[PDB]
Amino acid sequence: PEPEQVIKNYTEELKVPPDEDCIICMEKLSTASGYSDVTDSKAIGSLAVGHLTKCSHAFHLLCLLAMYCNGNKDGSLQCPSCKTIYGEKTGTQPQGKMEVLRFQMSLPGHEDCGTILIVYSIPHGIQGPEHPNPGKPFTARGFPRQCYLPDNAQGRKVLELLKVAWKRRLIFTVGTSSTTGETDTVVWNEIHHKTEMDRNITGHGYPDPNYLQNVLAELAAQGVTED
């Protein structure tokens, strides 16, 4: 869908604008969109105002359009105030593969069950239209990347949700490495994984009693919920 149709699809226009601020541009809703000076459109003027259809938060429609055009344009929208997701949120994960293995040995802190191994393999390539620099190379460092879950009821639920996030292209993105500063490289995208069975190697791994709770919250923040 066209960007302006996304905004209209998920908003109900307000006849008279309230006094409160648009928190995207921090101008009153009754005045022109604060991003009217750098955002052009066809069917959305600088005065148009609406509220999202599920959380009733209100914005200049032209600010919502500018927000949407700064992200990847997959037809989904996320409310900047309450983070409610409209449509199916997807991401810019490059092509690769995701392999799942299991073994009977226990992770530290999960002596009562076996272990799930997830192996992600993403090669280098050419950036697509959704990426920072379309048509330019991107690198991919340190693949295959191996990740571990306990093979209990909660870990198996995380596994199934990770498969959804993978299908929605949400696990990796192309950006700059927080570790090395390198730009235009494949990096993790907001869903943290355990890459060490033993946290003594790097400081991060198992045991970690809060990990499954925390990764479930990260999946949910990206619209990947138990439903």
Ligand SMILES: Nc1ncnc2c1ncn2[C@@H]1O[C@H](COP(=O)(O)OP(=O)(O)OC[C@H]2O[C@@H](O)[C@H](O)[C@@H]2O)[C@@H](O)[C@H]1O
The other form holds:
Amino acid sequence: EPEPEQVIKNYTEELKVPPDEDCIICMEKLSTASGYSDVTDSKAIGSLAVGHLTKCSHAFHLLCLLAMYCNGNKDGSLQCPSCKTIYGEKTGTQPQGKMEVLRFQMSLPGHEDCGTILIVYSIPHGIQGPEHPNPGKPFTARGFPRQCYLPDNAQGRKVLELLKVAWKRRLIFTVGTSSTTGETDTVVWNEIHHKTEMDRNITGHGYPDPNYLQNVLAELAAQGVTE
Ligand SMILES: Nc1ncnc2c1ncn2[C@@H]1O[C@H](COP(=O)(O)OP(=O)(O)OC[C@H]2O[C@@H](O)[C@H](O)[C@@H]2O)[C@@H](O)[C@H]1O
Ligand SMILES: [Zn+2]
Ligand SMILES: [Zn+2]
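Given the form solved without adenosine-5-diphosphoribose (APR) above, what does the protein look like in the form solved in complex with adenosine-5-diphosphoribose (APR)?
Full assembly next; the chain just shown is listed first.
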């Protein structure tokens, strides 16, 4: 993985003279100096260095870009803050654990045509790593194992494989704060809704749900997991 300054040099093409149009990262004119210049320090990147992104052609202070990148885990990918194009292979802060998958013949509410896939995520507590909020300090993992259900049809089996890619790229979980329990520095769901109940009366996260499959299949396209 290249260095943070080099990551921004890739997937970027410097602008000769920046327009009057604003940089949406620092809310300052691209013509002027980055608004994060006072707290961000590069080697090869100035404060009036500006390029637009390779494919999506959105322009920012390359220092802002760098300021952004650096606030996250530094996997060598970069996400356009305007249109969210992924540059490289986005990955994420998911702690070590296991993903088991099972199938059973019983159908789910709304999918009586087919069988059911059981996904079991088991993730132990540990010590936060460099990518996590407070490196070195412990993190908790609440509620594991967490059982998840997919209709065993064509889409459901597709989403299954896409979720195996998500796991590989440490995308399904993250260390952070729980919206449910308010507890901090802990393993929580990250951006990819999972059905944890067959019967949606129990918790609110179950079946039937017509559009779940369509929702998640785009919820992980938003993290760069596609065909
Ligand atoms: N029970 C749930 N099942 C699936 N997704 C859930 C659940 N509760 C919340 N979510 C989704 O998880 C995301 C973040 O919610 P958090 O509460 O921060 O995540 P987490 O604390 O892991 O979720 C609560 C989890 O803890 C367990 O005690 C509980 O049974 C559930 O699986 C949001 O997308 C939210 O909609
Ligand atoms: Zn800026
Ligand atoms: Zn863009």
